[PDB]
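Listed here are the chains, written in short residue letters.
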Amino acid sequence: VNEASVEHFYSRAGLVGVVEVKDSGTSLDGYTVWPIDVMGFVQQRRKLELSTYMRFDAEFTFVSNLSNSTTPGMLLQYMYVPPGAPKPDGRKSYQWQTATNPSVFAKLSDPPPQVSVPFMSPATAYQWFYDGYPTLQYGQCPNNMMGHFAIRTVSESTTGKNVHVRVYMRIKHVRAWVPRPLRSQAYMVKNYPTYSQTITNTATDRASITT
Amino acid sequence: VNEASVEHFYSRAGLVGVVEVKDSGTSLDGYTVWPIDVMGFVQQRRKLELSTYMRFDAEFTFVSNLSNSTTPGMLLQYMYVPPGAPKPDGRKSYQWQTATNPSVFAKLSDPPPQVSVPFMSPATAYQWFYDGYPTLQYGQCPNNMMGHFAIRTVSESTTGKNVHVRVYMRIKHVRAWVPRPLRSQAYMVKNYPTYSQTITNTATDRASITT
Amino acid sequence: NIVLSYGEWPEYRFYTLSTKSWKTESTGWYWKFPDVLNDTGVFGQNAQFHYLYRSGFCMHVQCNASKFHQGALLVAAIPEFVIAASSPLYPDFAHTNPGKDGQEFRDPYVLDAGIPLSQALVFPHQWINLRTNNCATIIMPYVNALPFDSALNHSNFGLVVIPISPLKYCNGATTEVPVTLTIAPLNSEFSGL
Amino acid sequence: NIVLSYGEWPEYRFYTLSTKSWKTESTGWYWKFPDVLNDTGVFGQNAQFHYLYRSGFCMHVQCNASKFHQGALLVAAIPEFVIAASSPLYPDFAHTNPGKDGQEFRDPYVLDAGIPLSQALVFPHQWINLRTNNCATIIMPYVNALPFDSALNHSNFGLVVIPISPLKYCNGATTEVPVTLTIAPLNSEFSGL
Amino acid sequence: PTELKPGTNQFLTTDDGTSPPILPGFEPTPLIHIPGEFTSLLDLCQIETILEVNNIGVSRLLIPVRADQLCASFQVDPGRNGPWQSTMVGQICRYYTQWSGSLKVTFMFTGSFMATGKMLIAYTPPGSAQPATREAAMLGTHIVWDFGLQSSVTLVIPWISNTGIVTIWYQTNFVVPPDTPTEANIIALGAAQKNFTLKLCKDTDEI
Amino acid sequence: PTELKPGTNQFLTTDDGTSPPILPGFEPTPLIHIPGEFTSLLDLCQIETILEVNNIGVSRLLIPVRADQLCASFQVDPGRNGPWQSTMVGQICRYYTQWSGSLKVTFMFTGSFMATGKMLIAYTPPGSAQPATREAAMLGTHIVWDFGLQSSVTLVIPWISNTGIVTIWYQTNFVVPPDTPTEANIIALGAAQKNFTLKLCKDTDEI
Amino acid sequence: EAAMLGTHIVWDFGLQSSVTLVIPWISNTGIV
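For the protein sequence lines, the chains are A, A', B, B', C, C' and C'', in the order given. A prime marks a further copy of an entry chain.
Read left to right, the first sequence gives residues 75 to 209, 219 to 294 (the deposited numbering).
Read left to right, the second sequence gives residues 75 to 209, 219 to 294 (the deposited numbering).
Read left to right, the third sequence gives residues 30 to 41, 62 to 137, 146 to 250 (the deposited numbering).
Read left to right, the fourth sequence gives residues 30 to 41, 62 to 137, 146 to 250 (the deposited numbering).
Read left to right, the fifth sequence gives residues 3 to 57, 62 to 73, 78 to 172, 189 to 233 (the deposited numbering).
Read left to right, the sixth sequence gives residues 3 to 57, 62 to 73, 78 to 172, 189 to 233 (the deposited numbering).
Read left to right, the seventh sequence gives residues 145 to 172, 189 to 192 (the deposited numbering).
Chain A extracted, bound-state conformation:
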């Protein structure tokens, strides 16, 4: 009864993204910018597309460690660049100091940080299916973007160790609108519906209709 519900069907934390700062090797950057995308994995893309419209709050958790699993104390900054704000160029860029970008300072020895992101869209609800041109652009609604998370180790110059991060998002206070079928065809491109020319059948074949 209550175990199948739109509130309970979109519930538990799941892995949205996997990022790496990687300043050790030929890549000396020491920072990364990760756009917030709920559809990055095809199985969570398919569940969110059971609804045309959704309105929810987000819960982000950052599980971070080095490559050998050891978590020595070292200081990281998790910033949040809301939609419409410029993204850092480098580790020393002045765009890490902006007071309107909320940031979290937490060591790798601490429990994983977590924060809540309110509903960001100008429209009443996120719409995963948009028909028409907003202004290649067919079906592309700019209202959905939730912003970015920029992550860097706080250091003067070039620490030689790579940091692996895993982001866990949890949908909260979810409301859904008009129902929609579940996709039969395999996804191809990230943003669009386009499907391969070889149509695969929904139901599996048998010898004859008798049995």
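Keep in mind the hints are simulated off the structure, nothing from the lab.
Among the hints, a few may not be true.
Examples of chain C residues toward chain A', derived with CB under 8 Å [claimed, not checked]:
id : residue
1  : 6
2  : 9
3  : 12
4  : 15
5  : 18
6  : 144
7  : 226
8  : 232
By construction, the Cβ of each residue, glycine as well, lies at the ideal position given by its N, Cα and C atoms.
The hints should help you fit chains A', B, B', C, C' and C'' onto chain A, whose structure is shown.
Relative to chain A, chains A', B, B', C, C' and C'' alone:
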């Protein structure tokens, strides 16, 4: 009075299993899957068989350390694969990312993690004695299985250290049904009643019945 | 009888589009509209001049065939209906805004959305079974995330007519069966002239 | 007097099985049943055809012997009674479903369950002491984890009769003592024909 | 100030809790009424959707009828595979582990208005093997459905917990006047009943 | 916010606490009535179970009677060893350290209906040595039990805290008509009383 | 066993020395 009770007779935490991830040696796996079994030790098998039917909640605690007892900070994942879900193939398998398998991220420097597992059976209560064929299969009821715990260190490739885990389960909110004798004969095979052909006597011998 | 989409009345004249011939081999059609009426009528001039509008619709599909013809049609109204481009990528503008004369499905089975047609019954729908009934009627309230939007850019919903069971007739009968559509705007509003 | 197992009445005709001869050397018997009546009677055809059933039983053991015979029997009803296979492994199907003619214990001392016979008095039981009384009666309610189950696959309980104290008689007396069993199903139900 | 820390301390269980908001004072856009809200996944099951009984394209949804034979048969289990794999009820059952309840099936005869005939629609319990003759199929649960009188009929499968068989038998023959097409079709529509329920959770193997 | 951490902090004591559920929203299968529930281990003691007085198989449960001698004797302590090791009361006393209360013993004469005789059943306090003659055994606690009149008798051992001796003496002789078997048996049934109690805990050495 | 399923009475000597079986209606033949 209250010190001998079915609630108080099955009570305190006890050692259900001892597992090792062992990625250091010729075994490079770095993960292990442990099926939840309350009867793994013969003395807790004998106490649970004082009842035919039981219904209870579980409490699992994971005490983990390296081989030399030192517990350096390193990140482990304890997942839980409920009955009916596929088990990880390897350390990098995609079955660690499934959102419906609850998992716990806790370092070796932390207090031991603990979680609670609800009553999982389709039947009203677990039945430790089943008569008849469900479909070798004699007395084998599939309804009892509680699932698995898959454990791995979170790392990119091959950390060279072995981790020893000890699992402590605690029976909660226990209800029991029709009483049964306590086994006299020694156990042989894990699942079945089968007993050795040499019958050992319950009461110890004396010279004569006079004294 | 009347089908009321999503149990809402569209609270806040009849346009007869040209007839389609449904031959035994035809694969179906979709009109995808606020759009069908943009280029026709007095409703079509309002849609050009005003910068925002809110409107519901009432649409009526009717099929003229004898008692010796047989077949069936599924008539559905699908909100935010988005067309996909089958690989060997983007759909052409003729497909994404077919006009008043509609477009004919390339793949009726996936509805060119990648979603299966078996489950298309989750949307507001009717059946035309040539023995049972010749007509289907659907009232569609205004569904959008915003209270107002643009008529030229955004298409609120499509209307889709798939011949699920092919048309059969004995020799001598009329080869094609006319299928005609009638749209009456309900409770339309405009702003920003 | 009557023994009511576990204080429950089985709320929601008489079948006389063939007679067993209890000789001085016999080791006892077990009928293990929903099963005894599967192959006999009108109850046996219901158990084949319906896919689920719920039933309680009433069973009556009676022993005909003179005043010069002596001995004793323990009569118990044991739920979920599971047979074990003694090493020099699985019990054969003849042992796990003995039928209407019952099976004879290999080891009466452990009841072939590995559990001791001394403590078998924890189950619903009676004594037949040939001087005191010739009969024992037990009413068994339906015990299961589920409200319904299958008659062919699952056996709810066994019935076990062990000659604890061997039979003795002087020369000239009848060598064997007949032991007969009578089963009346109480409050049986069926579904899924 | 006297607190102490038990064994459950300081780990991520990936299950519910509370967290501080990242932007305080941010006021999100207010709600408006949108139609078509659905609060449950048990009302998406109850709506009948075509089930694919023929194993070819859109022809896979239809069983043909031509002029005491078995027309078609299919099993009643939504979860596993086969026809129910194209229904909505069978696609959401792949997200859960265990479903229990009663089902529903509907047939529509698509042939001509002038055509007359009769069919036999039988159901078999989960334990039994399917009937090998229509006379054996008649003694069980069945409905005798006459085309000319009624164009659609409904068979309700009784309780089933997580499998039965539905067999369609020609009775009599498919009778047509002159100048009427001799072949027709039937579409089958499956749906959950009101008492259907879903349990545990799982990750679909469809994607 | 002012809290501080005392010396009891952050260890596993393997004793009671609370923990978060691993699956929220999971609804387990509801309860139904099952008969035969037992909430205590003191009511499993009160039920009489055969105790093994003869040291051979099922013959170990019986004391023979044949045609002023001591038939048999056994000590009354459930915990240690011997006859009480086969009772239910003596198997649960191996899980605890200390038991205190009163016991009960019952005898059943299995011989023929035509046989007549008499016995003497005596009990000795824990400090005394057992009687060497039936006349010394008579002066203490005893019951004189006549077969032909009564087939079963009960001896209640008074309070004992965590040991007495029960001795059975032939009085008179075992008298039988012609054509009646000359040997008989007696089974002994031990059980706890209503005031029996169990203390501490331990791990059985039986397994 | 075939005779048991029909009409029968099980008569114990030691308890009772005489028993009665009533044949139901017959019009002008059964077997005992």
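Original post:
Against which earlier hints does the structure fall short, listed by number upward?
Top reply: 1, 5, 6, 8
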